[PDB]
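Missing here is one protein chain; the remaining ones are kept as they sit in the complex.
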């Protein structure tokens, strides 16, 4: 989904 | 978000991970105190006095990120070559620090509420009471029920009291119409009486996931509403000005065409469509296409958020 | 879900995989008896006596998990760097354990049903008879057929007896109405007579895939039904209470508005909509938007499951 | 699907690719004759007589698959760590063989049609003529045209003769109704006259992409049609048997309800829906839900194929 | 799009990146001047005089891409094993040159518009004025307003002259009908007066993202329109010729069936459908299926573009 975990958590 | 990195010119040491040799400056290891590699007290056990090397019979692919933590001076991230469990097992062994481990994880009576002590019955009883209250409400709106409603409200008040947060707000809302009991005030309180259906959020997990998704995508919901507002205004104005040139006008005004524009954008369907002329039909076709596009645009983000929350929960 | 790892202090050995050197002491290999590396008997052939070094002329990127399987003491997790075929042969070559291989599989007369020995004609006849029975059913519902139905039923019974599971249940069901033959019971049996269409699951592969997907998505289906139920109840209540202030009420009661709520949530379209006032129209727009969102939320999980099952089958 | 791998007991050599040392025996090299490494003639240049090493100043991560060709004896998959261009040059350098490159590639006058020689004017004229023919048709069906139709057919047959494959089949079909010209036969030929619109496949690229996707998605198209057929039959039977218990029968027979089932499953909308009772409304709600699910099931295969073809073309 | 690779026969040097040894020709290093490795002056400090090697205490997994730039002689691309920030730091560490890093970035008064200096109040006032103008327009179309419309136009033109792309074009358009003020011309100007709703593009970021997505998906929009046109024509012809065999013909002509074809393709719903016979119903079912398919086809490209732009912004 997100390559670098963009906008992960909050 | 900013970190410090070692600078070169003393003594260079070699670290062996199951045959993979790593050469690092002692200054790089000394940046982070404590830890296995940070201090020599807990490195003598793994140090080889013969070959002058430190041996760690572990997984070789995971040592690059662990070493890079010293190299980056604070930046720790799991490379996409290994599962989460294998990376997790590594960090405790090297003991990167409680502040480092938990921060990395972020990157990844009163018996009633709990579902145990064989009191699950209480939860089942509450769910049955909620369903019964919904059924009695719907049947009361049909062309007695007051006693059952009183019993349901008594149970709701007792449950809220023994518990005594959005769930608490819903619980307190569920009884305000009953304790309260112009015609507009009566109409609105009878309407807000329906919020008893939201009391299922305590017991249902999918409802909680949906609520979390709605909370986490407020910007996306606002953008979707904004796009629908722009579309309905534009297309209602277009169709009204297209059909203003006829003696018998299907749409009396732009606000009258808001419903037609909304149902065409959403592809619900207005119904009868014959009296509208050719220009109105062209505007309606454009409105349908634009509605499909503008509703298919922002929904995927909410869908992905819901999927992520559901997978995290399960 | 717990595994053990060798701890440091005996003798260390070196493993060579196409030039890539691996260092590991004997206790890690001694953790797993048998296998190519666990016992010395099956590894002395690949040992080089002059260099005191084990040589393995194999692929270097796939050996990392092989060593980690010994390192992790049972946790054999595939690395995503290679195709499945190369990793399949690598584990067999080391004979890491017959029981060990099995868990990796899920980690990644009576001549009638088997479509061979020319039994393909017997199948074709079964499909033709099923289609003929469906056609005769639809035709007898139009404003003789009894003989054709009798032939279809006797063929079904003969097939069931020859074969003598959900398919078996469907086959038994397909003849129960005919063997049976208040008005309600007659209507029920006539309705359940349609279950003959499900007999195509034996021959159709896509129908089997759909059935497996439905079996594997029961939670998703339940969540979808729950969301639609909540939305329908809420919006029916909203529209009924919005229209309760008019002399000519389009909706007599909340249950009366259930059909309108369902068709608006599913975007099917109610049809005639003019008598509804402005508040009802606002509630309808909100219902349409919420229905689009609610339908869009849990579908791309059943969709993914169906795609996975279809690709696995094909 | 099967290949042979070298087995040990003679002579072994080392390959040094910019510091990444690879050690393989000559038997592995000798399995593939020719090539850069198969014969000593074309690999002696890179050989270093001083260190007895083969030096290859190329990219390290791409050599794993190159050695795997010798390792597996005919099996080649690209490792997922490098772009396609990097590996394409890498394999071409070692000249694995024309059959090898082709295998890897598959695993990942008459001046009229060729749009050059500033004949693009011919293509523009053809597109304009096709559009004019479509317009002439759509206005000749309204409540002279024959001359323009004759001119369009003359241009079509001239282009066909000059050019003289389903596209050629469409070109043949586009003139058959005109050259031909019971009432049913006349209606059929007038209908098949519309296939002039498909002549745009010659010029448009998106139309060709759609045609290729439809050809490559025949299985899921058939599956979608089968699912629609099953759902329509089931729900038509259910609604007919649920509603037939009243004096006023909205549906005369099961075939009568096929259109309603189709529009409900596809969410088009039947329209007026009042006379059907509560059981029919429940059946309709279930039909709408099941139709949404069944039409959402197979289409994320068709769309994926279309996206792949579109990206390949562009 | 063409690059040159070093060809052997003169000296070879070894690079030690945190234990990972690399062997590369000196001519490869000399292909790119300047930089850390291009000249001995900027790399002599990092050199190890006793081991005859260069010791780089940096991230070893990312050195392969750095070496490939010299190996390929002009090609730089990050492999998918490290975050982009790590690679961005590494290339700055070696200082490949701004002439090379520049093409890598895209590989993956006048105080009014700038929302700072306590000017956000001006933006709020502008948004309120735009909303008020839209409301007055919608209300005056109902069965005075002129003064409020004049005030809104005065504010719009004041902002335009104070500030004096496409947003400026929209701002100019928003006052053209007012400054102008056959029946067709009046209808056209009253219709184009609605363009005031597009002035919200200046303030709203999501609407700007939508505009960028529309600009970047013109080919897909055209393909969608073309597919809809083809399907509409085909199914209108089919249904008209199916229902032309009855005295009471529901559709008078193929153009009359265009609306029915559009609503069936888009699954909106024609409404009354009883008089059409069995052949027309079959044609309608086929039209509904084909509409669902042909609309679901080209959408998850506009969707992908919108998602990309939203994540970027």
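Residue numbering begins at 1 within each chain, and the chains themselves are lettered A, B, C, D and E in the order written.
Rule of thumb we're sticking to: a residue touches a chain if its C-beta (ideal position, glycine included) is under 8 Å from a C-beta of that chain, and two chains touch if they have at least 3 such contacts.
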Contact list for the unshown chain, restricted to visible chains: B, C, D, E
Contact residue for the chain not shown (choose from C:38, C:97, C:280 or C:300): C:300
Residue, one of E:207, E:254 or E:303, that touches the chain absent here: E:303
For subunit D, the residues touching the chain missing from this view: 292, 296, 299-300, 303-304
Interface with the unshown chain - residue positions in subunit C: 267, 292, 295-296, 299-300, 303-304, 307-308, 311
Sites on subunit E contacted by the missing partner chain, in the whole complex: 296, 299-300, 303
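Criterion: only the chains that are shown with their structure count from here on.
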If a chain touches subunit A and subunit B alike, it appears here: E
CA centroid of subunit B to CA centroid of subunit C, Å: 26
Where subunit A and subunit D are represented by their mean Cα positions, the distance between them in whole Å: 33
Contacts with 2+ other chains: residues of subunit C: 80-81, 263, 267-272
